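Student: Each chain, letter by letter, is given below.
Protein chains: 4
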Amino acid sequence: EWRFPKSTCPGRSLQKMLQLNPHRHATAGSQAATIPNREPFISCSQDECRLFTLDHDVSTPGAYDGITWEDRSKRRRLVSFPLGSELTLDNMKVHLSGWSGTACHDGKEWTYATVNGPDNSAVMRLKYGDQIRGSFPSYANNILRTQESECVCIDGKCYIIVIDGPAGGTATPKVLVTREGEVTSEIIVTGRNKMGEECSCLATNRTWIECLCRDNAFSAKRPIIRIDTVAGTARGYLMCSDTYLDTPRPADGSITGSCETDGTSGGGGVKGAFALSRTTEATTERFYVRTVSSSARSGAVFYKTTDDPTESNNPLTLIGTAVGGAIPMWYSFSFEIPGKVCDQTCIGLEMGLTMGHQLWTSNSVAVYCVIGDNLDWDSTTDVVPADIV
Amino acid sequence: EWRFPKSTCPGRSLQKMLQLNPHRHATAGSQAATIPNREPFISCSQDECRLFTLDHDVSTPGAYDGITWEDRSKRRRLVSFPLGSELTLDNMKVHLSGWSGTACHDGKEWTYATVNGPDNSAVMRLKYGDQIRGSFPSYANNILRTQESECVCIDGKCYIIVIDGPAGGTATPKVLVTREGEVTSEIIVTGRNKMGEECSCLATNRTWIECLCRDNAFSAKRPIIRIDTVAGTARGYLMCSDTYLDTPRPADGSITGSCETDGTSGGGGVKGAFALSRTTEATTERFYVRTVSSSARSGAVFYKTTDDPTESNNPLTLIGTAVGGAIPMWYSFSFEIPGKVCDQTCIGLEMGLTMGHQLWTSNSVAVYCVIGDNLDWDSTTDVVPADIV
Amino acid sequence: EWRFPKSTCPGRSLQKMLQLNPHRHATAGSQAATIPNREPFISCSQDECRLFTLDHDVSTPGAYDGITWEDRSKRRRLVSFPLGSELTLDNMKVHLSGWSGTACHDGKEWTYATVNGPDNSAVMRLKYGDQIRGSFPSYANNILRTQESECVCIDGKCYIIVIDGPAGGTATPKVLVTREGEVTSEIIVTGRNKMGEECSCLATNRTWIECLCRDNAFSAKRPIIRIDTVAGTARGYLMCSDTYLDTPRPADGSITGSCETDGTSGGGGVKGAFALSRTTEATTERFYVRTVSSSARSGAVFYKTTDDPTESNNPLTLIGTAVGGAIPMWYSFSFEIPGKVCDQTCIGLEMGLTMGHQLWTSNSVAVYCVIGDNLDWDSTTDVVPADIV
Amino acid sequence: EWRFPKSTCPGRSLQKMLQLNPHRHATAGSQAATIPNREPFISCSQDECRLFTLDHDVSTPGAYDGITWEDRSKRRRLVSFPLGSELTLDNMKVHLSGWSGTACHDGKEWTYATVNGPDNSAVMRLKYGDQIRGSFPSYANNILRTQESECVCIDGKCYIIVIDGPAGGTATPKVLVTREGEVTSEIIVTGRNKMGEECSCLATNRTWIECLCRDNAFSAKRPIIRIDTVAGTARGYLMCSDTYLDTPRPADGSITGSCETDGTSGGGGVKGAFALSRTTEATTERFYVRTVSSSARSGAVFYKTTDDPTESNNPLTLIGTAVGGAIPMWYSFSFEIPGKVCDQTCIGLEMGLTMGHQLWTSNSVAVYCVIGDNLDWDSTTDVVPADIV
Ligand SMILES: CCC(CC)O[C@@H]1C=C(C(=O)O)C[C@H](N)[C@H]1NC(C)=O
Ligand SMILES: CCC(CC)O[C@@H]1C=C(C(=O)O)C[C@H](N)[C@H]1NC(C)=O
Ligand SMILES: CCC(CC)O[C@@H]1C=C(C(=O)O)C[C@H](N)[C@H]1NC(C)=O
Ligand SMILES: CCC(CC)O[C@@H]1C=C(C(=O)O)C[C@H](N)[C@H]1NC(C)=O
Ligand SMILES: *[C@@H]1O[C@H](CO)[C@@H](O)[C@H](O)[C@H]1NC(C)=O
Ligand SMILES: *[C@@H]1O[C@H](CO)[C@@H](O)[C@H](O)[C@H]1NC(C)=O
Ligand SMILES: *[C@@H]1O[C@H](CO)[C@@H](O)[C@H](O)[C@H]1NC(C)=O
Ligand SMILES: *[C@@H]1O[C@H](CO)[C@@H](O)[C@H](O)[C@H]1NC(C)=O
Ligand SMILES: [Ca+2]
Ligand SMILES: [Ca+2]
Ligand SMILES: [Ca+2]
Ligand SMILES: [Ca+2]
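Chains as they are written, first to last, in the entry's author numbering: chain E, 84 to 472; chain Y, 84 to 472; chain R, 84 to 472; chain G, 84 to 472.
The set of hints was computed from the structure by calculation and includes no laboratory data. Beta carbons: idealized from backbone N, C-alpha and C, even for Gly. There's no promise every hint is true.
Label pairs and their in silico Cβ distance ranges [what the hints assert, rightly or not]:
no. : chain 1 : residue 1 : chain 2 : residue 2 : range
1   : R       : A334      : Y       : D154      : 40 to 48 Å
2   : R       : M438      : Y       : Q129      : 43 to 51 Å
3   : R       : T367      : Y       : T316      : 35 to 43 Å
4   : R       : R95       : Y       : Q129      : 29 to 37 Å
5   : R       : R95       : Y       : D335      : 47 to 55 Å
6   : G       : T316      : E       : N457      : 28 to 36 Å
7   : E       : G403      : G       : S378      : 40 to 48 Å
List time: in silico BS3-like cross-link candidates among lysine-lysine, alpha-carbon distance up to 30 Å [what the hints assert, rightly or not]:
no. : chain 1 : residue 1 : chain 2 : residue 2
8   : R       : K176      : G       : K89
9   : G       : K240      : E       : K89
10  : E       : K191      : G       : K176
11  : R       : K176      : G       : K191
12  : E       : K191      : Y       : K89
13  : G       : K423      : E       : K423
14  : E       : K176      : Y       : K191
15  : Y       : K240      : R       : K423
16  : G       : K423      : R       : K240
17  : R       : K191      : G       : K191
18  : G       : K176      : Y       : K176
19  : E       : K277      : E       : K257
Take these sequences, add in the hints, and give me the full structure.
Tutor: As structure tokens, this is what we get:
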């Protein structure tokens, strides 16, 4: 029946699965209608995986594709592609209009959710199968917004992180609990709860969820939100490791104070991601990514730890460079592939492609999953935005 | 087994689902074969929803796409796309040749119906699955024609509204009752029955249907046809609300007389639509659309009422503007999404795109469904027909 | 289990289903890779219908599409499209290389068959599902060739007409009996058996098949082959009606002599087709097509009769003009749509498109099926080959 | 449940199934995004066959397609197409990044495997369904690499040949045994085991596998590896026939010595293939291919034998020329089509297309299967690389 977390498939590192690179096909002479997009992620049912992303109602090449830098507009939609299909117009499936997205399969049907509307009164609508079953209005009237990666479903209920409020100040996230797309309750995030953008969430065992988020205002440490789905409680933490995962960030270990001390810098940030190994009882290893550069969104480096990330300031253990530091690397996202015998968690990388400020913007997506003992290879795009017609 | 009406999913307003906008991809440099079309609608089975429309045997860009303003020709066909697939040549599925269309799923198979033939002796053919099972010839020999939106199936029988006769005078609609596509009986529409074009029909409870139509000759009030599927009877009414829903129309409340008084103006019109909330026993709320302009097909405004629309002259209650008044808005259509637990009704909007009189003509389709408490956002196309190559 | 003939759905005429016209999309500015083809036909399983045709390993527009006039080459393949999908490169499915084709579904799997090889030693291969299960070599070493329309399967065995020998002289057809694609026996055609090209075959009741063929050497009357699948016998006849169905042909009734008298002319011909109404016991009405012109492949006119076509010289009864005489019309083909309650037979029309002798050549396909009481409308292409780029 | 080898369908020769030729559609004026590729092969489940190949993250025509000569890069991926779909961007499905590939279906799910990484530390990852279940690191740190044709699954375990080491010297192959994509054991290849590139493997009966490989360093005779899946043993042999199957090669029979004598030449080679007839007990006939030219990769000639190829020096028996000697012919690959009643083995031919050294490179694929009594026809491409835009 319902999807629930299983022990994960054996693995001790991150190794490459595949890469999608639609705009390799958008050069002079090419014959493809490619889909420029941002905020991609992957979510899976037991039958298939899908690449979800937020489009701009346009293909590249084409006259209208100059709007693809925009965050929010009446053009953007949550769309998806079977995982492994390239991102072309005929392969695209439109789910919901809107400009911030999430999706997750509960074992029976897809829940899709986007936020639509003006900045001061946006509305999240949740589609379950083909019907809009849920609606959740803005509570702080300042850009209601959600994860830009998959939500998590356990035992017929799905858990979605939303936030509303100033991106440069205190903004309190909430956990929405859904059943067939209907919002049946809201869980208050206690503890360290003054920020939490764009959370990447994974089950840590049979009944708990852990989310790795972005503090866009206060800290280069990433917020962590843990959800107890049985008690229906959630608590916020600050990631304690000296290996700070956000971008921009100061030098490792240089934030003086306790785990939950913000640090002097902290403005700005980027969506981050993790993967894990777990039994039905507990998570046994975590895998993290951050940029190569401490100031710019470039490169991707993988790390791992067996420590509890909310309590230990120990540096993370280096796995290696997944994307060279000369290569733009923007968002990363967590996702899980469910299996009949074991589950597998993965990290996806938004390798950004752009012609510059307020010009054409899209990406290539590279996927790494928990398997093996060492990193196998780094990824490139070999797309020069100047060559895109 | 058979499809039948269930109580609807909770909702008190109309909120956006998605939008399809194929000709965003028909600009200079684009690589897409887009399908120009008119009279679109949506119909759903328990397995999927589909966007149906009447094409012109041509894609845009292309040399032959200048015929897309035409109402009737030997080129047009009823075609469809999985809902959410963009309207491109490879995504298209052709069902029947013809120039007026309807379709509906009875729980087992699709019934598709079009009218084909010359104006003075056209024939409706009804396809059930892959076979043509039904045929219904013109009875007034003056452009036999049908709904341009989905028909309604209850307990294995489907109900289709057809009309035949002068578009500028008295033309009597008929209800066709079909079983596996075969026309097994005709129901005479009694009462106010001298007009009734392009009806949008929804079940109002377990056994009754209500259709909101266009009086192209006599009144700015919309005809309403109610069908009792158990008794096998149908009766025509005139919508009584001071908030007249057709275009063109006089000022609200200015038609002097009883509910069924036509009014002085009334020539012309546009296909209209409604949505509803219902139990198994009764409809509890209705949602309506009309243009912003009282004279031109521009804009879309949503309204609601808990009154019986055939008896109450009360103004409808404003929900808000779904399409700004500067934006062409032509047909709207009702449709229903069936669910395992509850059904959901929706309104689709044909946002018209054209280069002018007897020039290239098509649309973008925006979908709003019954959910939530307030309208979330208005829709735009951001397509300039001059940019279409 | 196995497919078998049922009584047909009620109908007394031929009315249009749909039309496919891929090269409407092959004009200046268009964005489609259309598939030029010849010898199209349709065959259906209980799950779907498919348009089969013989391609040339090329799309239009394109530099290599000038070979599309050729009958036989190492380029041609039997390919197919879901019925209603337009004939584009991405929608195409390749089944077998070869230059003469047939296919038919037995209730469990598709049998596909083509002839491949040089003119003097060609080989029919039969594919059952995904495997090549059958092989049948040339027996007269002079262009082994088959129906260019669907074969017929009854009770797990399929029946395929092949011929081999001079196209301008005596060439004896054979009936191949297949089981899971393996040729398990050959049935000798007795009686009037000196010709029989490109047969269109339909079941006439639960256990018999009737094929309407082309005599390319001797007569403007069409050969008819009847197969008794229980006895495993087949006999050839000459169609006796004064309404001669081949092209070219003399004036109606002008062939002096008995039913099987050839007549003075008879050289050349075109593939023809019929449809029918039947019970489980007997065929009750037949529907026929021929060109408008008695000398050129132009136009299509439908006729009907309740007489036995092998014995009665009565003229056929006019139904009407399906394709105007100014419009090229080449092959026609019979096919059957199986249903859960009743079966339906249809005629497809190859509306030919060409730039001239040994230049680009393809078609549009129009489908008419047995339903209703009168012909609804004629078909056009509105494709000017000069406009194809 | 699990896939296992059945007796093969009756057949005594090789006859053509079909051909895929995507770059016929990559000429001036064409509208297709074709996928240039190398190292193609086919593998089948009981539900469908698929054409697998290694792409270059690019379509033709397009600015980036000049890298398609490369063996190994961060661009290449194992991709596939339903067998019979042409090789276009929208039809493509990406499975794994990497630059050497294999795949095989065990009756329940696909196992896909590629090697990814730098030459000195590459890693094979094995994907089972949607999850990466297996990982196998380089053991000789010199281009770990695999078959470039399908692996073989028997009774829930799959068998994959890998090799690692110098391509111009001794390199020891290993048999990987997988279960749901996890590498559960390695089988040591005993006997003549100093080489064995790019093996084409088929079951020879219910429990044994035979692989025909390429010795790139020592001999124009092809290595043969036999696997006993019950004992879990594998042994290497040298093909003994005077009809040497590799390219380049000396004159037939001119290698003096025993079966396992290398011969004086032997440097270089090409992937080869075979097909067979078998019962559940034993293989009864084998079918082989080699080039027409003894020095260049051109043409394809089929042969057959009933001798044991590891012990008999008898010349093989000529079947005939499948690809003329003037036509480039590069890799060939074995594959099997499973059936409900019988299995069928086939040979695929990579008919190479290239603009020259370190320029655009791809292919057409022709398929021949075991059926009939004589070769039916040879294959051509009719693609001139100079015409590709
Ligand atoms: C609105 C604040 C939010 C901070 C997490 O901005 C995000 C930053 C983005 C970024 O830093 O690249 C892109 C996101 N599209 C944007 N989200 C929305 C809903 O606009
Ligand atoms: C024929 C009268 C009918 C009035 C409802 O005209 C409709 C008006 C149209 C319109 O007002 O835009 C477009 C419809 N395509 C047309 N229907 C047909 C069958 O031609
Ligand atoms: C070979 C004789 C046969 C007469 C029925 O020619 C057919 C005539 C054709 C025609 O008259 O248009 C086209 C067919 N493609 C051709 N068949 C083959 C196999 O070449
Ligand atoms: C690396 C040695 C191997 C010899 C079998 O080279 C192969 C030769 C090739 C060839 O001879 O055409 C092409 C293969 N793409 C290549 N394989 C890899 C993994 O690069
Ligand atoms: C999951 O982990 C949480 C946190 O440690 C723990 O409280 C809970 O009991 C665990 N659940 C199970 C089923 O072991
Ligand atoms: C549906 O509504 C009609 C009209 O009010 C009513 O007559 C009928 O009884 C209702 N049906 C059911 C099943 O309640
Ligand atoms: C079908 O028709 C043939 C020819 O008239 C006849 O001999 C046969 O008995 C019929 N079959 C059945 C099942 O009635
Ligand atoms: C398959 O062949 C091998 C080699 O000859 C033989 O040892 C084995 O017994 C055979 N298997 C079966 C099931 O006959
Ligand atoms: Ca930060
Ligand atoms: Ca009116
Ligand atoms: Ca003739
Ligand atoms: Ca060699």
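Student: For a quick check of understanding: which of the numbered hints are violated here, in increasing order?
Tutor: none
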